[PDB]
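Each chain, written out:
Protein chains: 2
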Amino acid sequence: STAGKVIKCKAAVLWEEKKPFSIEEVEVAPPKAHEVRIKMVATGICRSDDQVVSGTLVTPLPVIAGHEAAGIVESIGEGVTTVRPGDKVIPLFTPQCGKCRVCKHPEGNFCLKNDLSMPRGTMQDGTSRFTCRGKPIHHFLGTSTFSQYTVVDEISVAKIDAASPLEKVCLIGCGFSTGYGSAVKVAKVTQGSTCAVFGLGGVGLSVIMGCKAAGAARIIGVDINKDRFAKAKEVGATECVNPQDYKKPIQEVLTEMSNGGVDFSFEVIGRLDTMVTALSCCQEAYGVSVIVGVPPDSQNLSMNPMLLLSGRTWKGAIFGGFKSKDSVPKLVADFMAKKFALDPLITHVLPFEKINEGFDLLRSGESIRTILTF
Amino acid sequence: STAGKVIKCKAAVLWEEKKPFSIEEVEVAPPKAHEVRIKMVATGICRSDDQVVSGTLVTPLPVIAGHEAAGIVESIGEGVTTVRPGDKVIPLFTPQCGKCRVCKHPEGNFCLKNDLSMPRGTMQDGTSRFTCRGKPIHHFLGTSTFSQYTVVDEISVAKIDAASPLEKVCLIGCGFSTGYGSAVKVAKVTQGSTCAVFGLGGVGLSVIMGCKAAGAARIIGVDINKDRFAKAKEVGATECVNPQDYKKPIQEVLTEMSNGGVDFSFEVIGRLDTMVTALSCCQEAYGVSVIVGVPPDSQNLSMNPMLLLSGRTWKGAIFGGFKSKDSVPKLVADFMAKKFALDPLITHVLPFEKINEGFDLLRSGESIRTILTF
Ligand SMILES: NC(=O)c1ccc[n+]([C@@H]2O[C@H](COP(=O)([O-])OP(=O)(O)OC[C@H]3O[C@@H](n4cnc5c(N)ncnc54)[C@H](O)[C@@H]3O)[C@@H](O)[C@H]2O)c1
Ligand SMILES: NC(=O)c1ccc[n+]([C@@H]2O[C@H](COP(=O)([O-])OP(=O)(O)OC[C@H]3O[C@@H](n4cnc5c(N)ncnc54)[C@H](O)[C@@H]3O)[C@@H](O)[C@H]2O)c1
Ligand SMILES: OCc1ccc(F)cc1F
Ligand SMILES: OCc1ccc(F)cc1F
Ligand SMILES: [Zn+2]
Ligand SMILES: [Zn+2]
Ligand SMILES: [Zn+2]
Ligand SMILES: [Zn+2]
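Chains as they are written, first to last, in the authors' numbering: chain B, 1 to 374; chain A, 1 to 374.
Looking at chain B on its own, in the form it has when it is part of the complex:
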């Protein structure tokens, strides 16, 4: 008895940059044509959400943030054919319209309907389904998961296994898939190679899982927080180094360790300097470096193009290069088949009402992934 009606529910609203989320009542409009309204079951706290609070990732405010989640369909608008009420689903922060040139390309995944390149913070139709204190609130990446209910366009949701544990597979909505895919699909890590992963938070650990699954012989974790090394080795790092321990630049250390440069490097932090360092540490003639971290808004890096002329390949990707709607159900199935592990990424599980505390664990460095439960 909620279908077709406005739902009044709790959501975490970000009214302004550099302020705590405000947990309060919002109104969620019913889904229009080709839209899906979801009751949220679990959502992760991803560094990108903090970057929105920090102002380094720009998107229109006020906003309902959150993009890594899973829930259950409450209702569908007219014309929806891929999910039904009661289905378990994961919102897709990168859509898959299936009709654009990128969707049709065998390698591309950054669908042209995304709200990332030039964020509008609305539904595909340019409007919002959220109201709070009488004011319209923006959506974020077409997902907006920090709410007991959200509405998403059909191209931004995927149906998953009805038996999946939503408090774990929400990670397939961002963190896990991004890291894993950056290794196995974007870099295409090869058996017996040497990999270096800069940044050992939730996404970096997933890159390590991918490098191990691809059969890398050496996976060097790189982080300035040594507290992260233990878990990195658990999931597959063979060695870990802290740049702060050395008197010489880390790229020099890594080139020496790998007898001339690594086969694959990954920047999984979001800093301009580590992107160049990661590039440099890969072997100059055949090395490949993948940018995964989201850089600060509007800032350019500076680099010497001879680093590329010698033969290096540099690339970046969103969401591990996975075509989202095709891939997410498959990843959940693979998870149910024990093909990979999600527990090592989860360090804290908190009620949704503790979202601010969850963000504090992330900022302090205490957590890898905190999952919020509704």
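Please keep in mind that the hints were generated in silico from the structure rather than gathered at the bench.
Among the hints, a few may not be true.
Copies of the same chain are indistinguishable here, so a pair counts whether it falls within one copy or spans any two.
Taking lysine-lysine pairs in the DSS-like style, the calculated list, with each CA pair at most 27 Å apart, reads [unchecked claim]:
| # | residue 1 | residue 2 |
| --- | --- | --- |
| 1 | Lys231 | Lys248 |
| 2 | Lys330 | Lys315 |
| 3 | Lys135 | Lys212 |
| 4 | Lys212 | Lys104 |
| 5 | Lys212 | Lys231 |
| 6 | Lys168 | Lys185 |
| 7 | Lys339 | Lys8 |
| 8 | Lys248 | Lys113 |
| 9 | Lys159 | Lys338 |
| 10 | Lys315 | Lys212 |
| 11 | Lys338 | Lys315 |
| 12 | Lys104 | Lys135 |
With chain B fixed as given, assemble chain A with the ligands onto it according to the hints.
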């Protein structure tokens, strides 16, 4: 008769930056172990040699430049097994030692014995085989082809078909292979794709040849000199554009023409601004951009890493990605079998004695490639 003795011959010596070459007598020492002394037959004037004169490409002076050439073995040092006196050969400015990690890698070609990354201007043993006015003269990229005779390490020379027309196949020693391989081996241009090529000199025309060979549907030539357009279309460009004709930046023009960005772009000029423009004009999610041009010494470019994070691939390569000693003889065999044409690249021919006039033709923009005959 000359075996084991010093040979006195004419060479084009560059005593100082920004000055004409001095054609005068030099002394060329006999080859030491694993060295090969070559009587030169033809050499091309490549933009890189002019960059040495300009000082934008740094290597120790005074020097005998020249690196795109063919000739006939005059004598071999002790232990040489891959060429013999009388064989036709092409010197390799990127060596192939066959032993280092890069030589052993299936994709790499920038052998660690190269004299390009940290140029010393000598033979592999750290010394010079050239004397002029009683002073030692530096080698260039282990080739030094602007001389009637040169001495090269065995790893920097390839034996070619004894019936090869040396005044045409010298281009396989640089210009043609670099461009053609940049398209077919490095970028891996696909059938039906859209390519954009920045710079329509000798190497850019070779990239067009490779794109056409690979089956590209559209090949867009980009150059500020419209006099280059006719020849570009002759070798396969479908359209040519001069950035100076437009009010908007050329990456916007190319993105418009290609309905969202090109599949493959190539920077074949050597400017920092065009490397970034070329990267930008490839499609944001799956585009590939290859840097072929040689940038000014020690200068960094500035770019926004979001260009990569969306999915673009950026890479560069030396000599078309070709393992040099393995590939050169195969490229010559293919030329002899009419698999590709070299004549369209050659616009002028002069005797070696007119090398300065040859450089004037390149600098004025009149020539594509001038071949010098000894
Ligand atoms: N490309 C995408 O689709 C995508 C998806 C998810 C996340 N991201 C980006 O990935 C990055 C990683 O996200 P996360 O959730 O793992 O973040 P996180 O904060 O959990 O991990 C960051 C890690 O980097 C380390 N670090 C910080 N500064 C460092 C330095 N100078 N040198 C070495 N290590 C350093 C930190 O100690 C921490 O362990 C963020 O920028 C995030 O926005 C991108
Ligand atoms: N990677 C390698 O192994 C390798 C090998 C050979 C040459 N190179 C480099 O390749 C580059 C091209 O060599 P080339 O012999 O073809 O040179 P070239 O001078 O014959 O051609 C350069 C072309 O660029 C055009 N151009 C100049 N400025 C431009 C601008 N702003 N926009 C568009 N077009 C512009 C010129 O008009 C000209 O046609 C040089 O930098 C050279 O050193 C690299
Ligand atoms: O973590 C989700 C995410 C991924 C890429 C990006 F550029 C912004 C963003 F929010
Ligand atoms: O044209 C030969 C050549 C190729 C690449 C480079 F970096 C320098 C150089 F001289
Ligand atoms: Zn699409
Ligand atoms: Zn995320
Ligand atoms: Zn080698
Ligand atoms: Zn050259």
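Fill in: Homomeric proximity label, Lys248 with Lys113: Cα distance no greater than 27 Å
between (44 Å within a copy, 25 Å between copies)
Item to complete: Since the copies are identical, ignore which copy is meant and state whether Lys315 and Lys212 lie within 27 Å (CA to CA) inside a copy, between copies, both or neither.
Response: Classified as both: same-chain Cα gap 20 Å, cross-chain 25 Å, threshold 27 Å.
Fill in: 27 Å Cα threshold - placement of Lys135 relative to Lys104
neither (38 Å within a copy, 64 Å between copies)
Discussion item. When Cα atoms must be at most 27 Å apart, do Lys231 and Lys248 count as within-copy, between-copy, both, or neither?
Written reply: Answer is within; shortest intra-copy Cα gap is 26 Å, inter-copy 51 Å.
Fill in: Same-copy or cross-copy closeness of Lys168 to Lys185 [CA-CA at most 27 Å]
within (22 Å within a copy, 43 Å between copies)
Item to complete: Check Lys338 against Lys315 for me: Cα-Cα at most 27 Å, and say if that holds within a copy, between copies, both or neither.
Response: Classified as neither; 30 Å inside a copy, 37 Å across copies.
Worksheet item: When no copy is named, should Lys212 and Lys104 be tagged within, between, both, or neither for a Cα gap of at most 27 Å?
Response: Between. Shortest inter-copy distance 24 Å satisfies the 27 Å Cα cut-off; intra-copy 30 Å does not.
Worksheet item: Under a CA distance limit of 27 Å, which applies to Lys330 and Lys315: within one copy, between copies, both, or neither?
Response: within (25 Å within a copy, 32 Å between copies)
Item to complete: Check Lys135 against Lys212 for me: Cα-Cα at most 27 Å, and say if that holds within a copy, between copies, both or neither.
Response: This pair counts as neither: shortest intra-copy Cα distance 48 Å, inter-copy 57 Å.
Discussion item. One pair to classify: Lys159 and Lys338, alpha carbons no more than 27 Å apart. Within, between, both, or neither?
Written reply: within (19 Å within a copy, 56 Å between copies)
Worksheet entry | Alpha-carbon proximity context of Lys339 and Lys8, limit 27 Å | Intra 39 Å, inter 71 Å, cutoff 27 Å: neither.
Discussion item. For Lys212 and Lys231, with the copy left unspecified, which applies at a CA distance of at most 27 Å: within, between, both, or neither?
Written reply: Intra 14 Å, inter 50 Å, cutoff 27 Å: intra-copy only.
This entry does not satisfy hints 3, 7, 11 and 12, going by the numbered hints stated previously.
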